[PDB]
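In case you want the letters, here they are:
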Amino acid sequence: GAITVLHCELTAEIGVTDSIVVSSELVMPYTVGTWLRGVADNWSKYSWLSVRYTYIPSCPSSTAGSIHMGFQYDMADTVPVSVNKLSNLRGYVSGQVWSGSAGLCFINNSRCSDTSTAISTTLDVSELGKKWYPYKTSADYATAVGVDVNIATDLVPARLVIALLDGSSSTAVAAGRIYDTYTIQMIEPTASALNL
Amino acid sequence: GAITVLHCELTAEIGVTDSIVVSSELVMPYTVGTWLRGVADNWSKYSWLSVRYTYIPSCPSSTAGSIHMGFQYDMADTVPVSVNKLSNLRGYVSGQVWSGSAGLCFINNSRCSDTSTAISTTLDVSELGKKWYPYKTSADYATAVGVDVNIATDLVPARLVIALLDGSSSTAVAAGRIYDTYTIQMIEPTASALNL
Amino acid sequence: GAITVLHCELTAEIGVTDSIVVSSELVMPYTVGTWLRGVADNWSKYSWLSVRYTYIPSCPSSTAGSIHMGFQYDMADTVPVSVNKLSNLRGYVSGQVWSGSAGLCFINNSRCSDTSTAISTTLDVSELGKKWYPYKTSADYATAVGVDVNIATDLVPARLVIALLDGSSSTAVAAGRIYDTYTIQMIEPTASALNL
Amino acid sequence: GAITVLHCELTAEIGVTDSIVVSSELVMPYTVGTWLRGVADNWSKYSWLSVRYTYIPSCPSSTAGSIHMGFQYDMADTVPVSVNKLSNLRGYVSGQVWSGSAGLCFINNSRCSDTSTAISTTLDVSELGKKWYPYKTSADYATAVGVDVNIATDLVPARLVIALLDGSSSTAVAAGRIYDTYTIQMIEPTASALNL
Amino acid sequence: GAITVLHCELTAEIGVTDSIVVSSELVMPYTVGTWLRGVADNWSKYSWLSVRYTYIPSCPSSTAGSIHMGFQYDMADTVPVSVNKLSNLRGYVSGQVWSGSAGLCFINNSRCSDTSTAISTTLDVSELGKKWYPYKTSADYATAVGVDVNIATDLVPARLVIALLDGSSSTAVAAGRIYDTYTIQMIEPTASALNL
Amino acid sequence: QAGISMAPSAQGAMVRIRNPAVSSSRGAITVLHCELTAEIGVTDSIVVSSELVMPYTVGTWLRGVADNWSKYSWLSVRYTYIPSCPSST
Ligand SMILES: [Ca+2]
Ligand SMILES: [Ca+2]
Ligand SMILES: [Ca+2]
Ligand SMILES: [Ca+2]
Ligand SMILES: [Ca+2]
Ligand SMILES: [Ca+2]
Ligand SMILES: [Ca+2]
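Residue numbers (the entry's author numbering), protein chains in the order written: chain B, 65 to 260; chain A, 65 to 260; chain A', 65 to 260; chain A'', 65 to 260; chain B', 65 to 260; chain C, 39 to 127. A prime marks a further copy of an entry chain.
Bear in mind the hints are in silico, worked out from the structure with no lab data behind them. Hints may contain errors.
To be verified - When the alpha-carbon atoms are kept at most 30 Å apart in a straight line, the in silico DSSO-like pairs for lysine-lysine are as follows:
1) B':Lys149 with A':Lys109
2) C:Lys109 with A'':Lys109
3) B:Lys149 with B:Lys194
4) A':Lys195 with B':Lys195
Turn these sequences into a full structure, and let the hints steer you where they fit.
Put into structure tokens, the structure is as follows:
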């Protein structure tokens, strides 16, 4: 009954400016990437076997700026407001917007050489609070969270906080992209139209 | 520690009309049936070890109509509106409203040889959200869900949806009944009067 | 590499009249059913590991009519025009429009003892033209075949022909439904929107 | 040397009236059915390795009538005129005109568990007159037998007699069909046009 | 389900003149010979296990002329226009119209002595592009090929090019015959009338 | 030498038939022999001919010997063609 998918897809496009810009992505099928969003909808519940976010650069070596990533686990906790608080989170990694190429091996599965320079981080699936979560659409999530954020705890495993700053322009400059590489188990099918 | 009970009881009475009529039942002690609702209330939490719904006919071989059953696990998902949509659910099982007698052996657990025609489905007890669920009353559940449906995922493991159509009359004709056969582990006793 | 799915879903709804009515269904993801059509589109090619069509009744034991099924493999061959001609095909299977319930166990894969009466046929997955077929949409297929039918052999492995006759009314009476149970391997992911 | 074929095809269509109607079919390639008649003609002689006639219903459970089958081996013997007389033949098998679905598994050779109700009989292929019989056409056979019936024993191994009665109408009602499942060895090729 | 036939039959009659005459035969059941054409039609698809073309003489030792044979595999490629191009093809063999008698042993299966003088060539079944091809009638093939020859690739495995020349008469003189000796596997039966 | 053939002007074959071999086992009596069975001639159009394979018609000697027994069974029957014309025919 468990049907397993392994895949790496574009999860977010990154631009860097001269000011801190904190953003976050829920670590659930619907938000992880559009491809998964579409396939996972045909199933009622899932379990993350492995989730790794890897940043791959697209800018010139002359591009100033740094990216910082880390995880949060209680949606009710406040999202880091400074890059300082961010550095306290689990899974913190911080790189420079033009580096990270060695991480490419995580995206195309070829054998990785030295990945100490890859700006990549992974989710601690075993310390998550439950193994089988329900597939949620961001819309429905939003509504729930609107009543009380604590309703999110039963619905989503974690949140990926990203921070970009130290750039040189007041206007966004294309830095790179964050790709997500996951192994997921999907169970109990459903027509997607009913999945909220 | 745990106190295990295996039992069978009437869970619902069924009637066929000439138009689709989808209905559902929460898979929790309180609603599985009267007897279980009663004994289960003396414990605080429980865990399903086995749950099986078996439809048994009571109409003549000439009764037009068909029955359909399946499970859903995110109380927030839309309930099916058609046989096609329903056929996708886990544990889907369809059949003539006058068929299904072979499932009798599941009820008074005897030797089941002829079970290829039994209109009986089983809950995937291991892929459920968690192990120990709290005993809830229809009333309390109802209120919670009235705030936000997602508050339900923390309380009920699944719901059985039932659809009946293909009947001959626009007014309901008696078809059969759905019986539930479960094995449940209960823990943390409480005076029933306190249990909501 | 490959991603394997085993699933069951409604594939077609059936009605009997008093005259032969041969119809057919391509044995490809897009037409096997709605759910598969949906998930299969996210992959470029696929391979059937198993395909089984099972007819399940919904009429009274007094309903006149019979159902017939079989497979054809050269889309260019003429489709049968009679039961005799049809009885020759591979996987031929005939039966009373009100019979067939024993095939339920194939649908929610249980222990199948009583399957001698199941009006269910299976595709000879190994003698198919090739292993990996491309995912095609009804639209695209249609156009290709409109140029020359033989363009189809490179795209679809087979078609299931269905014939219903021996009914009592000249106007269609609801008989039952055909469900499809498959196991399929999919490869070479693609955003579904690009898949024709 | 020998070329072996195992196949199933429609052999005859059946109807019940309110009076006995005994009919018979020669157990030879030409008359077993259209398909075999066609391929068998390309060989000079043949040998039955297995021959099985299975009746499959297409009427409502409320159809009155019964079917009877048996084999005869001396074309000169008188054909039965009653059920009593017929019940004595080898391979006798009787049943309700609306019964017999369990024999489906013989047709598309699956696992036959429920075969106690199959109205299906088998030819005693080893006690036949000889092993290799010549392929004859109805026409040629007919003429020979018109001279003297005994000329038939050298050409046909047996004939299946079918009797239908106990119907409700004096005018024929559609009951079911008889299908033939054989395994045959053919030898000594010939252009079909020469084969009489 | 695979039914196997082994047979040798006349495939083409040969006449020799004083000018090059190139001809070709599709290596498919329908064109290989009339006997096979007729039997193979009762099946939907086939696979060649072995195909060998052997020329047997019928003229006097005083008959001048030579026969040349070879294979082509992409129906879209141009048919050799000279005997030169022909000698480049796979399976090329060239003999003299009155010789080749030793090849008789391929036709009647008797043990062959020295066949170095037999004008015979065989098809490389393993390098064919697919194993199971659909049975096609030359008519339907023609139509397909009329739209675009490339449609032939999916339909036929190869083509046998034959060239006859060096004769002594402007008018054809009977030289010999080409017999085809094959082992074929036929699958998925069909009434022949539907086979195109 | 492999692949080479030489058409002769005419082929020669000296037929010399030996004495029939007859012997009685227990119940069965067995004969072994050769007999000229048919004469052959060609034309420009096809001419089909047939010969029943039964003692009476297989050979003139066999015909008279086999007649002294009620039934028979063929252990082996072979027809061999020997030419009597040149390779120019
Ligand atoms: Ca929880
Ligand atoms: Ca959902
Ligand atoms: Ca409680
Ligand atoms: Ca495609
Ligand atoms: Ca004949
Ligand atoms: Ca192809
Ligand atoms: Ca064909």
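Each hint tested on the structure:
The straight-line distance between the Cα atoms of B':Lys149 and A':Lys109 is roughly 39 Å, outside the 30 Å bound, and the hint therefore fails. A threshold of 30 Å between alpha carbons decides the hint, and for C:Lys109 with A'':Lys109 the separation of about 23 Å falls inside it, so the pair holds. With a C-alpha separation of about 26 Å, the suggested pair B:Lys149 and B:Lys194 falls inside the 30 Å cut-off, and the hint holds. Straight-line distance between C-alpha atoms of A':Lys195 and B':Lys195 comes to about 11 Å, which keeps the hinted pair within the 30 Å bound.
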